[PDB]
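First comes one chain, alone, set out as structure tokens in the form deposited without the partner chain.
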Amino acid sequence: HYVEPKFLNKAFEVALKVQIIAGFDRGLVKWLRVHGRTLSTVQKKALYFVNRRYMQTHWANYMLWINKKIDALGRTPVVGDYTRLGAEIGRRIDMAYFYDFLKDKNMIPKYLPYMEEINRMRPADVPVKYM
């Protein structure tokens, strides 16, 4: 049996997704400390979904940046490198600018079954596509 190669080691992909989602979520918690009493339970879940889907649709953009950092290391990369880079993305995207738009313009998405499915996944399992 042939083995289909992966385009990024699974553990490396997992470190990126865990750290990006964790960082986006940390900023959502700080934003909800201020605004959470003005949002319904389903609206708050929709914003958690927004975090995961934002990572998914910006994945290829992040990979371009990650790969330049990896090429600059001067050695074989290891999982810790992807943890550090995913945490940097997780902290630097100022998602509250988007939360403010969604709240202030009454644009928080209607919460749907597929969104709850994505929220209930482990970050490690959230699907990404390489392009």
Given for the second form:
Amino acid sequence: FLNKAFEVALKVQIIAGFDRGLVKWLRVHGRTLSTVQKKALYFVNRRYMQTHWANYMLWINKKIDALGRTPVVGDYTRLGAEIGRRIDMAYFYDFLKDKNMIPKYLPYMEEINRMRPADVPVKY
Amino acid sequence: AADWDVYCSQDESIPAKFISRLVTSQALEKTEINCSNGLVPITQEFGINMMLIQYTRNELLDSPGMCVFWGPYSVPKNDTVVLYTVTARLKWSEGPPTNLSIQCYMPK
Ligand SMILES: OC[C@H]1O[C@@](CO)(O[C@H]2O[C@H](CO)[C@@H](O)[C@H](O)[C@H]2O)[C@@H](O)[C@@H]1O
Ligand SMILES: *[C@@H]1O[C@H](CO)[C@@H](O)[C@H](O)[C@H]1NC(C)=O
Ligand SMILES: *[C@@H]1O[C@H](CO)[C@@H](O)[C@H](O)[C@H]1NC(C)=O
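Requested next: the structure of the form deposited with the partner chain bound (the form deposited without the partner chain having been shown above).
Expanding to the full complex; the earlier chain stays at the top.
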């Protein structure tokens, strides 16, 4: 559906924005977390984008339609950065740490963490 | 072929956490959450998936995929909790869809 350049532009910004927030949260709350628990939360960020891609596209398509002009890759960069910022992922980080529910770090998570954000698979 | 939970908060200002795990070989074509502010689609990937569910429509912002509980509802048994709820419909490649109830009781 969406041109590959536009998909990549979105994904790079969404993951960048989620990762920024996690780094900030870890500076305060990461001391007692293990390395694999930290990697699990990085995976949470990538998987959150995958899980919500369908409703991201609904919101993006409305915004793009509102441009009243043919879109360019910068339009998707911008919207991807808005998606990455307009959520407080600490509701998850705090909940998962406080309730001792950070997921067991499994190989399918490591596989996603090792991907370039541009290559993280999403479904339409 | 799917497992799920909801983790309810003690205050309307903190959203609930919905967590699902998808274990499948018939594939899952659609997942739609029926929220008080509309129908929200999600894509449940292999393994763990997560979503926030807001208790009040006053927590909505111009952002994708926000979901507000229906409610609050009084319940017949007692007057010390109210009920918040959404439902989910899972459309499978074969056979009838799975319908899920996601409920949170809030102390009063
Ligand atoms: O009917 C939903 C429809 O509304 C849009 C924008 O008008 O999104 C808003 O409503 C959704 C509820 O279904 C929320 O999930 C979302 O956060 C909110 O922006 C569309 O994205 C959607 O198709
Ligand atoms: C959501 O579910 C309610 C019943 O709980 C139903 O009345 C309504 O039609 C559903 N919404 C959509 C958009 O299907
Ligand atoms: C009140 O009713 C709700 C729903 O039926 C139940 O979850 C809760 O435990 C009840 N509280 C008491 C004190 O019985």
